[PDB]
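Number of protein chains: 2
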Amino acid sequence: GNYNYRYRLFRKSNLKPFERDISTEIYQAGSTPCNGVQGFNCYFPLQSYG
Amino acid sequence: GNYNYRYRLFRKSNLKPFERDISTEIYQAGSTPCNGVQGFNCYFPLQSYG
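Protein sequence lines, in the order shown, are assigned to chains A and B. The opening position of the first sequence corresponds to residue 1 in the working numbering, with each subsequent residue numbered one higher. The opening position of the second sequence corresponds to residue 1 in the working numbering, with each subsequent residue numbered one higher.
Honestly, the hints are just simulated from the structure, not real lab data. There may be inaccurate statements among the hints.
[What the hints assert, rightly or not] Short derived list, chain B residues pointing at chain A, Cβ under 8 Å:
hint, residue
1, 3
2, 4
3, 48
[Unchecked claim] Okay, the calculated beta carbon distance ranges per label pair:
hint, chain 1, residue 1, chain 2, residue 2, range
4, A, 17, B, 11, 19 to 25 Å
5, A, 19, B, 23, 33 to 39 Å
6, A, 7, B, 31, 21 to 27 Å
7, A, 28, B, 15, 30 to 36 Å
8, B, 34, A, 32, 25 to 31 Å
9, A, 19, B, 33, 29 to 35 Å
10, A, 31, B, 17, 18 to 24 Å
[Unchecked claim] In silico negatives: residues of chain B with every beta carbon more than 12 Å from chain A:
hint, residue
11, 6
12, 13
13, 14
14, 15
15, 16
16, 17
17, 19
18, 20
19, 21
20, 27
For every residue, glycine included, the Cβ atom is placed at its ideal position computed from N, Cα and C.
Make a model of the complete structure from these sequences and hints.
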């Protein structure tokens with residue numbers, strides 16, 4: 001496995017053309033806040049390719 | 001996608017029978033002490049099914 005290449009899997013809105021997103025904030029996919037901790041309905045935005 | 005189901009992808013050694021590992025420690029896959037922060041050669045142990 002080469003997990004050094006990552007792609008952003010979760011975002012609130014689509015990107016404008018020629019825009020980059022280097023943020024690492026936890027994507028809240030539920031009603032409960034995440035507080036920067038992964039868990040139930042709180043996911044890391046970047047996933048490795050493998 | 002249903003990303004609430006996770007599996008442990010990286011571990012130092014294989015598990016014993018009837019043993020569980022709920023620890024969330026950043027697995028170092030290189031020679032760099034990266035202080036528990038994901039990035040190059042430091043991966044999260046848990047990966048989502050999706």
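Going through the hints against the structure:
no., hint, result
1, 3, "holds (5 Å)"
2, 4, "holds (6 Å)"
3, 48, "holds (7 Å)"
4, A/17 / B/11: 19 to 25 Å, "violated (41 Å)"
5, A/19 / B/23: 33 to 39 Å, "holds (37 Å)"
6, A/7 / B/31: 21 to 27 Å, "holds (26 Å)"
7, A/28 / B/15: 30 to 36 Å, "holds (32 Å)"
8, B/34 / A/32: 25 to 31 Å, "holds (29 Å)"
9, A/19 / B/33: 29 to 35 Å, "holds (34 Å)"
10, A/31 / B/17: 18 to 24 Å, "violated (39 Å)"
11, 6, "violated (9 Å)"
12, 13, "holds (17 Å)"
13, 14, "holds (16 Å)"
14, 15, "holds (19 Å)"
15, 16, "holds (24 Å)"
16, 17, "holds (25 Å)"
17, 19, "holds (22 Å)"
18, 20, "holds (17 Å)"
19, 21, "holds (16 Å)"
20, 27, "violated (10 Å)"
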